[PDB]
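Colleague: What follows is the residue order along each chain.
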Amino acid sequence: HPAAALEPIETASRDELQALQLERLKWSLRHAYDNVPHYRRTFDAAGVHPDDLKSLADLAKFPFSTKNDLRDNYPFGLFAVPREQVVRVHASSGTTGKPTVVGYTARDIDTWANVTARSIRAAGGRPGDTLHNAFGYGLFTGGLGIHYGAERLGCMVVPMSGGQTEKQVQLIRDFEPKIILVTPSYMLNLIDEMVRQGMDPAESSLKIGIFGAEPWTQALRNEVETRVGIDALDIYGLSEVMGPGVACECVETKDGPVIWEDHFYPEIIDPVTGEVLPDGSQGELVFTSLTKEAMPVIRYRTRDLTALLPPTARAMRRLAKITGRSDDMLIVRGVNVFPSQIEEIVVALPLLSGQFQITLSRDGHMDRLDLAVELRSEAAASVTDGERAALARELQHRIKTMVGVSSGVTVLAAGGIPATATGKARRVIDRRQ
Amino acid sequence: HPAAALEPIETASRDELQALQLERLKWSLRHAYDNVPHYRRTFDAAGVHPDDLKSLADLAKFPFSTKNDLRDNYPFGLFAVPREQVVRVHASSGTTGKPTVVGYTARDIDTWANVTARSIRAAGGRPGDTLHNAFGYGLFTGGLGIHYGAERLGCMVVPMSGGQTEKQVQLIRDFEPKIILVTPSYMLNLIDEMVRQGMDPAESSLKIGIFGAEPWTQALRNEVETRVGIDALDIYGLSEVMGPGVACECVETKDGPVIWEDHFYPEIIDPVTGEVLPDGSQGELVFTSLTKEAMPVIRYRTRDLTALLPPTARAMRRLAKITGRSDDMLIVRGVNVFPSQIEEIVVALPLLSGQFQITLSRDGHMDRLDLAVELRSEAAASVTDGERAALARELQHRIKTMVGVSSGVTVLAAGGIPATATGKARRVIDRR
Ligand SMILES: Nc1ncnc2c1ncn2[C@@H]1O[C@H](COP(=O)(O)OC(=O)Cc2ccccc2)[C@@H](O)[C@H]1O
Ligand SMILES: Nc1ncnc2c1ncn2[C@@H]1O[C@H](COP(=O)(O)OC(=O)Cc2ccccc2)[C@@H](O)[C@H]1O
Ligand SMILES: [K+]
Ligand SMILES: [K+]
Ligand SMILES: [Mg+2]
Ligand SMILES: [Mg+2]
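Going down the list, the protein sequences come from chains A and B.
Numbers in the deposited numbering are just positions in the first sequence, counted from 1, shifted up by 5.
Numbers in the deposited numbering are just positions in the second sequence, counted from 1, shifted up by 5.
Don't read these hints as lab results, they were simulated from the structure.
Don't be surprised by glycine CBs; every beta carbon is placed ideally from N, CA and C.
A portion of the hints provided could be inaccurate.
[Said to hold, decoys possible] Which chain B residues face chain A? A few, computed with CB under 10 Å, are given here:
#1 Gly52
#2 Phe69
#3 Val94
#4 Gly102
#5 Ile114
#6 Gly148
#7 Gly168
#8 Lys172
#9 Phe343
#10 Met407
[Said to hold, decoys possible] Here are the simulated DSS-like pairs of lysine-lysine, each with C-alpha atoms no more than 25 Å apart in a straight line:
#11 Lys172/A to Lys405/B
#12 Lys405/A to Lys172/B
#13 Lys405/A to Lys429/B
#14 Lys72/A to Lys405/B
#15 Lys103/B to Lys183/A
#16 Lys103/A to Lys66/B
#17 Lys103/B to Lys172/A
[As the list claims (entries may be wrong)] Reference listing, derived: stretches of chain B covered by chain A, where coverage requires no fewer than 3 residues with Cβ under 8 Å from a Cβ of chain A:
#18 137-144
#19 272-280
Next comes chain A alone, as it looks inside the complex:
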């Protein structure tokens, strides 16, 4: 429409694809090196120059980037263009109170829309389909990324965003979307609300669900597909690389997300040593962007554990199950949360010692985050019961506001959280299984 068709590159030969990748990879390395002081330093210190890349395998010579490099160059230090050529910024959780920040040229936004349209098409969406977009609109990459891709595909986009459960179901009923884009966790909430409204979940217009932003199981898939009468497809990404639409599953094979590696070049490494592993081996997923202008990323470590699998329905490889992470990051209802994020907010309250413990659990199918924090000892003496309840509320509101997750808060006497014999607490107890 024109976007009903596959792009030529989607069905290109392995040779054609690898030639394109090599030509873009040379450009992207040199773009990074010339235009981003950090990469100039980081390459120089590693003894490597862009010229050193003669073949795809030569990528292993180049250093890794991580979340720390963004943190150390906040807010815009990793831009490879002047800010006056940057039309979009997006923001998500960092390890400190400064968000992780990414920027995009006009071309970058166009590229993003194109791969996100490609993803929705791979999953079976078409021009003219009504599409219910329940990913968060705003600083998160999910909502706006899915928005542009769907609009580029010629879908009728319902910009629902991520809350208002009764209204979600009202509009699914009234607007009759064929496609829903939503976290897998919130999809379950929506099914529950259909039931409470007297709507059998299989009596909906939906034929396709495209789920991402967090891991989900085969069992969740079977449960959604069966109850709602849809094909459910897996859409992957992360803000640093672009957003959603880094990889997406094809409905013809349903055999895991296809990585759009004409744009986003994947490697798998041992998470401990950093050595590159052969395709089929489980390790940590690393990306190098091939077409990004504003913020090229070079061997960016996702911390996601997975594996690369051979091409099937496309010219490109696939991801295996994403089985966890190699850092301490939590995802709650699609929202990235670091324990250190919470710590910073906890310590900011002068009545609290800084001692804290997050317990994650499952209440039915819903994740629950519960936060215990300790008073300073001098404070137990003087803080009233009403004062410590308000302290709990205030802490809950700041975490909701600054991190973006809802949490139960409990305020304990000093020593109230079980510690090592010298006072060290386990920061995260995840019982969600």
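Assemble the complex: chain A is given as a structure, and chain B with the ligands must be docked to it using the hints.
Modeller: Okay, now just chain B with the ligands, sitting in the frame of chain A:
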């Protein structure tokens, strides 16, 4: 950058503008009549036909449309193209539990981006400026309309959306926007938060504030301009017509929103008789779209009371103060709320009689919505205090969810709300 400069039509002659309007009006009326059964019907019933329009003055022959017509044709009954050619819907409060729903073709989106870019440019914005967009992103037209306009103009858009007050100020501090787009009420919240963070409001990077979605005073303008060190400009619109970017003020003259009447054709009428009034005269603003494909609107009554003023900085006319409305609609923090909307949610709870009263008040500079409802008599006798407090919280949450506004809720005994001698209550007491 292809959006730094004015468009030719912006400084065209009045003759040339009116000739474009007439041609586009002929097209719009016929597009509506040919393709929307509703309009076929209302035109026919009014004894008029698109051919009947031979000059701009002939528009007064055509019937008005209103929110009711959207209500009666929900969700998509006023589309003039197949739904498969519509790429966007947006939704805002109706008088019922069904939202007011509007649709756009790909071309429509492009047209809307163009007039919103033009608006932000009029207010002094330029390609390369960092713009902090704090209008709500989602079903509201505000967030996404401003988004596409600012992107089109080549601003660095920060897609902040409407909440998270501490984070708003953190990112204004850190990202150093030159432009903020936000409701005028929420701008005041933001200034308070600056103070609480130990930031003097005048030590921001901001140079331009573009405020709308609701009426604001000269006094609010003076306060914001003084305290923040900016020029504040007024941007107007409504979802049925397109969104924000129907009209916007020029920083050159700061004499009220310029109507982009190459796209949106204004009339002022007496809100009682429907008679068209001469420019300079106070009445009700009525729009007819000139370029819209998916949902052409013909003589749509905004219910906004204002006047048309002569051109100054552009070829196009300006709006006077928007002084109020000719219906019972409320706006709280940019969110449209109908009393009938609230009634529908109240009546849905089977313990409650349906008797209700909204009190609006000003808590400092902040609007409060406070809602009293009555139990049915048989229920007072039997509902505990815990249950009745839970009822209040549930009503509060359903109003927040379905209407989009926060409110205090009180649950009273039957007759607890002052009524007429035969039990009619005043629905709205606006003390703001
Ligand atoms: N399909 C998925 N399966 C498993 N994990 C996922 C999946 N999608 C994203 N994640 C996790 O979340 C991260 C990035 O979170 P971030 O907030 O940066 O970006 C958005 O989650 C972008 C997104 C939005 C909508 C759909 C898909 C992707 C990644 O490193 C994974 O750990
Ligand atoms: N600048 C303003 N001055 C006074 N009232 C305004 C102004 N802007 C809009 N209103 C009121 O809000 C309605 C429409 O509400 P609705 O939600 O459909 O559309 C968005 O308020 C669109 C908007 C978004 C952001 C900025 C400006 C305009 C309109 O009929 C007026 O009563
Ligand atoms: K995520
Ligand atoms: K409004
Ligand atoms: Mg179904
Ligand atoms: Mg200033």
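Colleague: With reference to the structure, classify each hint as holding or not holding.
Modeller: Each hint, compared with the structure:
| no. | hint | verdict |
| --- | --- | --- |
| 1 | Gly52 | violated (35 Å) |
| 2 | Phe69 | violated (26 Å) |
| 3 | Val94 | holds (6 Å) |
| 4 | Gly102 | holds (8 Å) |
| 5 | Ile114 | holds (7 Å) |
| 6 | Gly148 | holds (7 Å) |
| 7 | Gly168 | holds (8 Å) |
| 8 | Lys172 | holds (6 Å) |
| 9 | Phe343 | violated (16 Å) |
| 10 | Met407 | holds (6 Å) |
| 11 | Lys172/A to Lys405/B | holds (11 Å) |
| 12 | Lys405/A to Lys172/B | holds (11 Å) |
| 13 | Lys405/A to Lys429/B | violated (42 Å) |
| 14 | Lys72/A to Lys405/B | violated (37 Å) |
| 15 | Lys103/B to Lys183/A | holds (20 Å) |
| 16 | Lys103/A to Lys66/B | violated (59 Å) |
| 17 | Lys103/B to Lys172/A | holds (10 Å) |
| 18 | 137-144 | holds (count 3) |
| 19 | 272-280 | violated (count 0) |
When held up to the earlier numbered hints, the structure conflicts with 1, 2, 9, 13, 14, 16 and 19 and fits the remainder.
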